[PDB]
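Given as structure tokens, the chain that follows is alone and in the form deposited in one PDB entry.
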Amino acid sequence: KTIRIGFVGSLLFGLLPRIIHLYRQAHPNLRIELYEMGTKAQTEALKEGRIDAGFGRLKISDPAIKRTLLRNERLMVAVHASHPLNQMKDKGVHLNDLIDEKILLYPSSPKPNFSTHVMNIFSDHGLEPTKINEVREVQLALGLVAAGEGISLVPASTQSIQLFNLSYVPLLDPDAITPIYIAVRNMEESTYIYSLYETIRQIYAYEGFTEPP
């Protein structure tokens, strides 16, 4: 009668609430508890039994955890309206266009985290952006972009944040992605966790996303 879910903050701005809402409709007397935490912290939390399921954006390998890829969400570049990158609808924008920009990454919690994921995509292609500043969370990064502080790379679903003179630019590199995983304990076999997984599949089928296994 109590399910504990760990989640990275950005998911609040995307599909997480509609999943929980449909999930609620199937379980009118379940106590649902949500806890914002990083993907590495979710792994430790699952092992200690502090949460039952974790929704994250890193693939942390650990025998005690069963991890499953839900979908490959795209990354976008958040910029101020007047930024030159916002003038490139014609040809579009690649990662190698971003290398000399002031880039705002997040979170500032211990590594590995979302900024490590983003920097790895650069390094995967021999790119190393030299001007990086780490901030607490995605909404702060975006507010700072709007204030004129630089640019940021964010999941496409954070476009629910529509700040004055903030524009989101697509990235052309096919691997400019931020996958979303569900993680549970390796011998998890609960009805509640199965139902949660089916609820995600119902939203995806309705939303037109590719179904996970």
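Positions refer to the first chain, counted from 1. Rigid core: the largest C-alpha set superposing within 1.5 Å between the two forms. First, how it differs from the form deposited in another entry.
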Second form
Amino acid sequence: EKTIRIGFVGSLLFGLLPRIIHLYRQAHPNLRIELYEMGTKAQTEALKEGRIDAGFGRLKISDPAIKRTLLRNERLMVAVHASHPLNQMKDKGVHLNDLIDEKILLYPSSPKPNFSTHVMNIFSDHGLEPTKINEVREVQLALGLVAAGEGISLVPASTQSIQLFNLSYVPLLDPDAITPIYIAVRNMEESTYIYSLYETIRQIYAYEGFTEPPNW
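Counterpart to the form deposited in one PDB entry, namely the form deposited in another entry:
All you get below is the one chain by itself.
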């Protein structure tokens, strides 16, 4: 009985990852699949130690023992209360510059680097450093507090899987207001089970109309 272990960050559960795992599961009925929630740093260490076989994440970790492949660039969005002035731009979209003086909710509060690191990186990439920032524990806490009137939050587009009363998602107009999705494997990885996993991603992406990830 072969076991394949897959690491992932929680922000990916709202997108294509679960259906990729499910299809992969159907292709290998006799395979034990173990799924582990972990940040990219933990993923990097687990891969080198053989504790996982593939890792899905949003942040790069510099390491010569790891091969990282960009799968897709996902859009960032602004989560606001429906009464917020920014929501008048719901159809038009807004710029990162428009958010500088807003109360921004970052998440999660788990080991760094995490999605909050990425969001502040995006701001810093665009010459911005918001001061009114509060790091909350999890995505649902960020969204729930926005819906409660506590501020605004930046989320990946797939996080629109969560819909709450008077919570509205506003597109960002900055071309590089994005959050990439990566698969990470060991440098010399050649397992047919990992190739099969990668082809499953390709199959799902093709059906969605997304650009297929680069050839294995």
